Amino acid sequence: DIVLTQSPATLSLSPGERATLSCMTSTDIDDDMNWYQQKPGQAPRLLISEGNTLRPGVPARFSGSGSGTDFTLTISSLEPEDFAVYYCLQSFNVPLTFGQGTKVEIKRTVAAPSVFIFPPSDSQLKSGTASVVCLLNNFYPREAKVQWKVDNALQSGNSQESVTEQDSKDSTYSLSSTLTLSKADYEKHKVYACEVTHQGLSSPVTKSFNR
Amino acid sequence: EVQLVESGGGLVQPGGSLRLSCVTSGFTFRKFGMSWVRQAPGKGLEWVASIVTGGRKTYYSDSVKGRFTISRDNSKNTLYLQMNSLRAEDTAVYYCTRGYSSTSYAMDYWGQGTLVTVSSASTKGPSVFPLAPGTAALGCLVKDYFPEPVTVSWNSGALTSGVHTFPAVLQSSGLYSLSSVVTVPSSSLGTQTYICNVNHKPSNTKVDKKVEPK
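In order, the protein sequences belong to chains Y and G.
The first sequence begins at 5 in my numbering and counts up one residue at a time.
The second sequence begins at 1079 in my numbering and counts up one residue at a time.
Be a bit skeptical, because a hint or two may be false.
[Stated by the list, open to error] Dumping the calculated SDA-like pairs for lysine to any residue here, alpha-carbon to alpha-carbon at most 20 angstroms:
#	chain 1	residue 1	chain 2	residue 2
1	G	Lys1288	Y	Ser131
2	Y	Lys43	G	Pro1245
3	Y	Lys43	Y	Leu17
4	Y	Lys107	Y	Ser67
5	G	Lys1135	Y	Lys187
6	Y	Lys149	G	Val1247
7	Y	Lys187	G	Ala1118
8	G	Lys1154	G	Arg1097
9	G	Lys1121	Y	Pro12
10	G	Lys1287	G	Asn1275
11	Y	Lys107	G	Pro1245
12	Y	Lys107	G	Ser1231
13	Y	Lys43	G	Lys1287
14	Y	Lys173	G	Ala1118
15	G	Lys1135	Y	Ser67
16	G	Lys1284	Y	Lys107
17	G	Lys1284	G	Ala1214
18	G	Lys1121	G	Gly1203
19	G	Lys1121	Y	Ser131
20	G	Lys1288	G	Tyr1178
I should point out that these hints are in silico values taken from the structure, not numbers from a laboratory.
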């Protein structure tokens, strides 16, 4: 009871376009719906409060509608400042519950990632651990797959990924995939390779090294 | 001018305790309901607890009920969150928040936010390793530090364009790792200098690694 379901998970839109965000509640909440915006490294910012009320200082392109269990946040014309994450919140009853958030990202032309591979440093090897870094740089859309092959043998469960926020300058994403092996294991194998799969790639791209 | 200043966050071990304090200014404190909201890294907003204008009533999320106590002293314009029996999943930026109206707990003003890290790991500075390189890529591996955050700059901040510093990732050892990368001209590689500046305040460590080709 009192579950808030936001939709969609990601809005891919261009500046100037209209944004429609959905937030569904499991029970009537007496129109006590609230909307929040949050930019990276900042506290959330209240846009709309109970009864679909526009907060002071918030532009008119922001508006809130809905009734009962169905509520909508509409951004009439997207600005570059408006691309961010948006949370809904009900304030009808405890426990106060938030929506899971919708990210409104910039839609741009598809761009394949530049793929780089980084062997462990001579420095790091001396420490007893070995990290191999795969780098996927400046791509769109966000979806990408990385698989590690050590001497052609596929690796699983020994890698970790990280993705940057959408670039403010070029609206692309970058990704890192880090393979962690012991110093001993690293020197018991010859070929290290990562395979990348992405929309902008007609074929999977593999970058590798030896010694 | 409205202000919600927080303190009392920081490191703490499982089972340990903390008291978050939020001192408010710019508005009549007693006239408002207050709440705490947290946000685990990479995750969304989660309500922790609310308190009425006075001290009479309190409400807690299922996640913290019985472990946390919210409270306010109107004479000090201060909000408190007593956090006992802390768990790893309590790790979050906790926000001191103010209700916008007298009958709702919907937040309009948010505190600056303080990171609360619940972990058994000890404070440790990062080991910084070079990621050796018409465009070549290079960067620094910022491995095995605790806790967050670290700051990474290149050439003392002179180089910003093309730099990507990835969000940290918690490793099974309890330590964090990230990488900061930048793309540069291949022709400039033996002439231009590339140095990553890694600062980790909690461990009082600063590291400068020069990144050159193999």
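request  = Kindly indicate which numbered hints from before are broken by the structure, ordering the numbers from low to high.
outcome  = Hints 5, 7, 12, 13, 14, 15, 16, 17, 18, 19, 20 not satisfied by this model.
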